[PDB]
Every structure is written in C-alpha cells, then in structure tokens.
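> Here's the letter readout for the chains.
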Amino acid sequence: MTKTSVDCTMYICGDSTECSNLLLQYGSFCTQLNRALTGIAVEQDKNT
Amino acid sequence: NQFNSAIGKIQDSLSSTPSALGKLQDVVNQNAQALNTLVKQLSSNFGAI
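Residue numbers (UniProt numbering), protein chains in the order written: chain A, 731 to 778; chain B, 925 to 973.
Quick caveat, the hints were computed from the structure, so don't treat them as lab data. All C-beta atoms, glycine included, are put in the ideal place defined by N, C-alpha and C. A portion of the hints provided could be inaccurate.
Stated by the list, open to error - Each computed DSSO-like pair below joins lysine-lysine, with the alpha-carbon atoms no more than 30 angstroms apart: (1) B:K933 x B:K947; (2) B:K964 x A:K733; (3) B:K933 x A:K776; (4) A:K776 x A:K733; (5) B:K947 x A:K733; (6) A:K776 x B:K947.
As the list claims (entries may be wrong) - Away from chain A, derived, C-beta distances all over 12 angstroms, residues of chain B: (7) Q926; (8) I931; (9) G932; (10) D936; (11) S939; (12) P942; (13) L948; (14) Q954; (15) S968; (16) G971.
Stated by the list, open to error - So, partial list: chain A residues that the calculated Cβ filter (under 10 angstroms) puts toward chain B: (17) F759; (18) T761; (19) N764; (20) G769; (21) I770.
Produce the complete structure using the sequences and hints provided.
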C-alpha cells in the first residue's frame, strides 16, 4: 500500500505555536501515531 | 558430520551474533512501550487545572 507519514503537529495546528503548546500539553499522541505510521511503512517495504 | 556441524553453527550464531530474536524482542518492546505510554498519559492535564 502507499506509504504515508503524517506530521501530527502541523496537520492539527499548521504553523501555530499556541496550538502546539496546547497539544504538547495534551500528551504524547503524536509519537504513537507517527511511530505506527513508520511501523506500517517499513512493513510495506517488507511485504515487497 | 554435516548435521552436527550445522547444529554447532546455529550454536555460535545464537551465542555471539545478536539481534537474532528481533521478532520476539520487537513484540516485547512494542507492548512495554504501549504501557509506558498509557502510564505517561495518566499524567496529562487535558485542559484541567
């Protein structure tokens, strides 16, 4: 499948510092989403 | 002779060379890390004081 990566910060905020401080203050969801996104790509490379 | 030698080669490879159990390690990692998250989430303010 297509290997997609999503910048959680930008996609949620899009170049907004105060939105960034809110979301970092909200927890560490961006890591998990990113790092599953990776896992899922490197799994695509491994299927092929 | 041959099948002995192959068993011995498996013995060195699993004795010295690392990263041979990457699958099982990865599973253990990925579980432990889901927990360390969910714990580390347990200390977020979610808008509260």
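> Each hint should be assessed against the structure and marked as holding or not.
Results of checking the hints against the structure:
| no. | hint | in the structure |
| --- | --- | --- |
| 1 | B:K933 x B:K947 | holds, 21 angstroms |
| 2 | B:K964 x A:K733 | holds, 29 angstroms |
| 3 | B:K933 x A:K776 | holds, 27 angstroms |
| 4 | A:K776 x A:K733 | holds, 12 angstroms |
| 5 | B:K947 x A:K733 | holds, 22 angstroms |
| 6 | A:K776 x B:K947 | holds, 13 angstroms |
| 7 | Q926 | holds, 32 angstroms |
| 8 | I931 | holds, 29 angstroms |
| 9 | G932 | holds, 30 angstroms |
| 10 | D936 | holds, 27 angstroms |
| 11 | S939 | holds, 27 angstroms |
| 12 | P942 | holds, 20 angstroms |
| 13 | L948 | holds, 16 angstroms |
| 14 | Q954 | violated, 8 angstroms |
| 15 | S968 | violated, 4 angstroms |
| 16 | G971 | violated, 8 angstroms |
| 17 | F759 | holds, 8 angstroms |
| 18 | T761 | holds, 8 angstroms |
| 19 | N764 | violated, 13 angstroms |
| 20 | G769 | holds, 8 angstroms |
| 21 | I770 | violated, 12 angstroms |
In summary, the structure is inconsistent with hints 14, 15, 16, 19 and 21 from the numbered list given earlier, while agreeing with the others.
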